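Please read the structure below before turning to the comments.
Rather than the whole complex, this shows some of its chains in their spots.
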Amino acid sequence: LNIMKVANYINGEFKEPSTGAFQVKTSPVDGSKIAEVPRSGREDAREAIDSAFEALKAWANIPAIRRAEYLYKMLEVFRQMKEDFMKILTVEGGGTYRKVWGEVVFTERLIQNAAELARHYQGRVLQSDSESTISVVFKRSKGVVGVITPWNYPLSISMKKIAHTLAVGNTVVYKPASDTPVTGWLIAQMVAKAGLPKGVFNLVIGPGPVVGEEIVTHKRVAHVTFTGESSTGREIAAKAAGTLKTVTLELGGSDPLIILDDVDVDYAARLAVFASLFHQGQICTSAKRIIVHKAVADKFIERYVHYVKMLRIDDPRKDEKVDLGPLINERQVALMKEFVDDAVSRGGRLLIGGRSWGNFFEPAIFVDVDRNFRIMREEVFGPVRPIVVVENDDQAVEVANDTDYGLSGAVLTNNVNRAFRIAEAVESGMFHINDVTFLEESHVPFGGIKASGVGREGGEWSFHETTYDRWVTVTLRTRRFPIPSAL
Amino acid sequence: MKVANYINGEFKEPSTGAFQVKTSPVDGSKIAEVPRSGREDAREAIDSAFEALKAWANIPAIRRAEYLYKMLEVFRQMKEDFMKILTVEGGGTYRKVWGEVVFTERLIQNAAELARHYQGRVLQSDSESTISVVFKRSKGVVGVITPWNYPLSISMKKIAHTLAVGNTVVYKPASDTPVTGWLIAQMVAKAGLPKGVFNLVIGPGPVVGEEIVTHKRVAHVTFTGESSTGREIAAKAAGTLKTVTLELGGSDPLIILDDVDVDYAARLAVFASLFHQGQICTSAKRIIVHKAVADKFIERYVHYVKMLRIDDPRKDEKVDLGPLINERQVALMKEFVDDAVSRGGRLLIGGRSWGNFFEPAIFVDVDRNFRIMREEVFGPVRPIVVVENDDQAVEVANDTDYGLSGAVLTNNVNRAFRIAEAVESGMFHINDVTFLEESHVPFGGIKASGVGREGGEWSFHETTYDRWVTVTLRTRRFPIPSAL
């Protein structure tokens, strides 16, 4: 960064936006300058899309093993760049050492996963109901894929989409979140060093409503995979319809963490603190609504607050043991203030926390909450967390399902019957028994239901999203036809 | 004859009592009075499906299979009734509606056969002491919106497979084929499916359809119809983040190379391009012949076209072609003929029309600017284009916004596979018709022809979702608070 300018990566070349316009990226930690970055426009997006389109047929037609080879090369370059990624995830994104280390380790597994699976994505040989007929189904890549990503886990979320989409023979136009441009540029550095053919991967840094919208509305883009807010997702889905492009949407969550009366209460509290407050609660599968059985509610709350008190908030560059960094910007702090203020004025009891300074915001924990609190009705993408007390499992489920979202969820209990009945009844795309709500592996179907979006990503589920089935037959006998009937 | 909605286990009038009269495309005679439903009727059906959903989804698959096998039994008793309505309401010939009914029987059976066998996955976990599996869950209430050309088989493919995996259904048939829809509801009623699991609402697309597409308790919409309609449904669906399956028609190429049995190729081409008056999404709509056999192919093709018998499809079992579905279709076919003549096309045969009947109009001296090369021609007007080699055949084949199916006729294994690979379509057939279709294969298109696949387990993929579930068997330490 001290020797290179941040730039777009289009058709194998690093370069400025056509207008030359730029923005200054600052750190959420202390407001210091990180870099000037492109402020691209529609012409830049169009150039990337055309580059991706022109590269597509050669990239889709080579054998899978050759695409796997490029991905293994990418993996090798990533391993060399780990420290650079960690550094930027911390200073640009505000992530602690432990968070960004976790993100980089997972990203390494994601890239490897995509490389591993490329050669093995199979179609099907079918039984034909007709005689003398061969009937099979091939897998084909969709084409040019737009990749639009958020700021909270910008590396791992970007690379899950990019690596798997590339593995099955799509080409890519990537637009990172405006708050995390340097992470996207480092990804382009990685891809360039790995030597992928020009145009196969393109980076365009610029405003969502401009560059993103051009990607979503362009006729040469076949598919858009998007992670962000539910409202943005709805807009993208609607704009995508104009050219009938398919979409993958992961739109956040208000995941329930349900704690029953038979748990190890102290472990439950330790687990709950991690699940609800890691990365300052800025995780789509954060445990955003904690739901506790009344028989252990008092000890659980005391214990949860006890460990929350221990959380160390600081400049995440200071050392490896900082627990929480800042939120990404001042808008998030203002929003978390609204959440706290709304809860207090509604009669909610603030057990602990509530202070903020600059972009830093302390955990703010509430009890005595009801369903009309904003922190029960909206995704709270920050460290404000309600605890709800319930009398039985039926109530646990009612509260857990009383949300527009449906991403993940978890139950803690040692009873196999209660665990399975609750897992079945909770309306979520993912569910975890005796673990955190944000469990994620590189090759499992990650995604939600209801307002949390559509589709699944991870391993072959990513492949399902960015390929199509192609039924092909061969008929080995001639036959007579019904018209003209006179014959 | 009076026809009604079927909502929550009950046949009933629309809540406004409004009705309208349906006439035969064959002679204009009255057929039935059918509902003109409104949004309130749609909402009632939707609420009934929603209320029925939990009970229907949570019984074992084998029970839903049992209901589908019942439906199969009832359908078998209603075959002749379905055939008559498909002919008098839809204009189909005996041979056509017989085929549709036989295929429909297979579709219902296929859905029943597969219900118990739709599997999730057990995964390898990257973590110790973790069980990691993926369940299949039904999406919920599914809207089913269908066209008029093959109103029975298209409807039942969607309805039977959607029900099989534990979805409930709100069904709105095309306005030109309401009685077929009503008969479907009769069959379901007699199979005794629980109230609200299946609902029929007959009404205008822009009113009843739009309510289905925009309602927040509908989880998915599967649609077959025009690409323009599909695009608008997709846009409306976005508001509540419901998913869609869209089959939006085609302009399929039929490619004929120089090594064929030319007479056979002509016979095959006539059937593929003009069955059901070409009113088929996978009709062979653009015929592409190699120069070396073109003259002989064209002569033979027109020869067999000339032999086609056009008549009242009620008359006997050997009528080849019936009428088009309405006068709007006839007017559109005239636009296509008008455009082709004005651009220098040579009208080898056909073009005569009377009432809703139309004699297949065949053109040569065609180029890429003709409307019949640029648009889906959902009727009996067909271009034959001559190409000099396989590269050109492929160039012409792909020079379309559509991408549903396609076919190549040749005995050469290399040319067959190379062409199949290069043609941009969701489906492709070597040495057969463009409209090949089986009950359990992935049917659907690319480009403007739509999104998703239907048929057997592919239908299940469309109307279920994956649900990752884990069990962790060991406790561990967490990274925050670090002071711990």
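Of note:
Should a chain be cited, it is by its letter among A and B, assigned in written order, with residues numbered from 1 in that chain.
Definition applied: a residue touches a chain if its C-beta (ideal position, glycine included) is under 8 Å from a C-beta of that chain, and two chains touch if they have at least 3 such contacts.
For this complex of identical protein chains, the structure file gives a whole-complex count of 4 copies, while the figure shows 2.
Here is the rule we use: only the chains that are shown with their structure count from here on.
Those residues of subunit A lying in contact with subunit B across their complex are 98, 102, 109, 126, 128-130, 133, 135, 137, 230, 233-235, 237-238, 240-242, 244, 246, 249, 251, 264, 267, 270-271, 273-274, 277-278, 307, 310-312, 321-324, 419, 423, 428-435, 439, 441-447, 449-451, 453-454, 456, 461, 468-476, 478, 481-487.
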